[PDB]
Amino acid sequence: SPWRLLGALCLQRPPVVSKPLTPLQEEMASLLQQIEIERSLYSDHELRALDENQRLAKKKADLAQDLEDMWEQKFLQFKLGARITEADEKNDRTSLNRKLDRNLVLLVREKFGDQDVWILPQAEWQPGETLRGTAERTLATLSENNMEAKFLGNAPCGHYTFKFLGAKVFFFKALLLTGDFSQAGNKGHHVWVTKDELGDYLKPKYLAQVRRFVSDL
Amino acid sequence: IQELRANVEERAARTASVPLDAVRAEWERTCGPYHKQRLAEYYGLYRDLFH
Amino acid sequence: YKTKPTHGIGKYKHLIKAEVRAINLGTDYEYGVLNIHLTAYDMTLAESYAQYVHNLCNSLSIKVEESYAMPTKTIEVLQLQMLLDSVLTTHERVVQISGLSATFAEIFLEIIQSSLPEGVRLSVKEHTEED
Amino acid sequence: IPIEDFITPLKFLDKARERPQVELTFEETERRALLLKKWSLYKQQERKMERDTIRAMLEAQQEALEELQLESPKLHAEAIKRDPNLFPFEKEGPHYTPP
Amino acid sequence: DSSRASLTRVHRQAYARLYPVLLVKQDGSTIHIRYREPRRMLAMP
RNA sequence: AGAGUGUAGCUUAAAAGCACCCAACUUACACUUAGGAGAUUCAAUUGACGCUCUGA
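In order, the protein sequences belong to chains e, 6, f, 8 and m.
Residues 43 to 104, 116 to 217, 227 to 279 in the authors' numbering are what the first sequence lists, from first letter to last.
Residues 110 to 118, 120 to 124, 127 to 163 in the authors' numbering are what the second sequence lists, from first letter to last.
Residues 48 to 66, 77 to 138, 144 to 193 in the authors' numbering are what the third sequence lists, from first letter to last.
Residues 83 to 181 in the authors' numbering are what the fourth sequence lists, from first letter to last.
Residues 34 to 78 in the authors' numbering are what the fifth sequence lists, from first letter to last.
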């Protein structure tokens, strides 16, 4: 019973920019803001504006706008970052800074002499070695980059075996923090993929089920 | 039920009267016999009339 | 009664338990009261996040011993350039968890990472502290 | 000395005569109720989807553990062994704009 | 699922007004913080 | 290609009971007061459209 020892890892990426709000969610947020403004009890700005205006009117019959204009001009001068950094590039499929609202997953292309499978960042562990160590070595060597992969536990996430001589592809999870990639234009056709592109690219059934335990969001 | 819910639209519940004549007619034209048998059993009619 | 066959029918003390280390055996593993501090600047956001975490723990059959909240730290920062005051505040809420077994911790961590709000960090550690 | 900040300050006592009116209309109340019902349905659907995803993840992990125990009776303990890399667990949530 | 706990509400009765403030720290990122007064920008040095 | 099947999450129920959450009393949980989405997949005791396993 010669079982082929093989490993793998399902890389991930924490999101940065928040997700868009559904029109229903936007209406709910507006209603919540309205009810909060209605339930609030006075305010420093309101107390300093309304009472001051009333006193000025009373004195004339015998602050607020300045600060508002200052805030408006400060917000106009301060330019925020580009939130939609995907449509401007579109064709940049091999860039870590492509998608920011959804989760990203690594995607490497490898061609063999006997097969040409859409091989996910797989690995190969030694009987005397540990699966975690093998995954770390494959991430630090195959990707060729200094990354701070923050793992969670020593337990796996999904396994898929294939026979012809048995085998077994062991997967794992790893959350990045600061990935410093060297030479992005290398021969290694690495691509960053989320969910829709994952399901659209993955042709085989062994990897088609990998998306069952991935954060759909 | 779907037609009634669509016609009420939620706004009526936020206090309808609901008629009683139609309800009584439907009860008599469906599960009336069940309640009649229950009342007869409670009053003790089967244990005395037909023994 | 004792001799009668109906003995021990009204026994209820044996069902109620009217009376932390990190056990790590070979197969079973349980952490030692993990404290999840929800550091954030907004109070409503932190409260909602704590409520959601407690609801998830209750739905997944997870014990939640304590759930107190830490005091606020009035961090007074002087915006230098012109002296402009800005008395900010950092709120923190703790949520104790003990019921965990193998992949349950990973599932909970994944759920947390997937359901993160805007402007709320994390910092899990042991309970050994001084409030 | 646990001293929380949940007690209402004394400044919110006298100052309470600025917004005592809370008048609404029937159409506004109906719209609010409809929005609340829609948001409740959306939250229920989201919770159901999250529960389904959690169940799928649990099933996948159980299948992986079973395959490991079947094809490797000497690595199940190592896989179940919790590593000491979760004490300094610190992570920030998603912001709105990038650096 | 980041917008789940985003929609919240002040469960308390006595509380002052709260406006959406975009606080920018040294890292460079706006966070919807509910600070006193309607401040549109508050750069944190 | 074959087997297991066939009421939503569950039922030695045949359109009910336990699951769920949005608002008020809660640091928080729970209870309580207010509402809803919820299903015999179809065609005539049988045939096929939805999943699990065994293979290629």
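Where hints are given, some of them may not hold.
[To be verified] Some chain f residues flagged as far from chain 8 (calculated, every beta-carbon gap over 10 Å): (1) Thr84; (2) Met144; (3) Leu178.
[As the list claims (entries may be wrong)] Within a straight-line C-alpha distance of at most 25 Å, the following computed DSS-like cross-link-like pairs (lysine-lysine) qualify: (4) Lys101 (chain e) with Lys58 (chain m); (5) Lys187 (chain f) with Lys203 (chain e); (6) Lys125 (chain 8) with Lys257 (chain e); (7) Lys61 (chain e) with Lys119 (chain 8); (8) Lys120 (chain f) with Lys163 (chain 8); (9) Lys163 (chain 8) with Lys61 (chain e); (10) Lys173 (chain 8) with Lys130 (chain f); (11) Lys132 (chain e) with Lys125 (chain 8).
Rather than coming from a laboratory, the hints here were simulated on the basis of the structure.
Just so you know, even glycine gets a beta-carbon here, dropped at the ideal spot from N, CA and C.
Problem - Broken hints, by number - result: 1, 3, 4, 9 and 11
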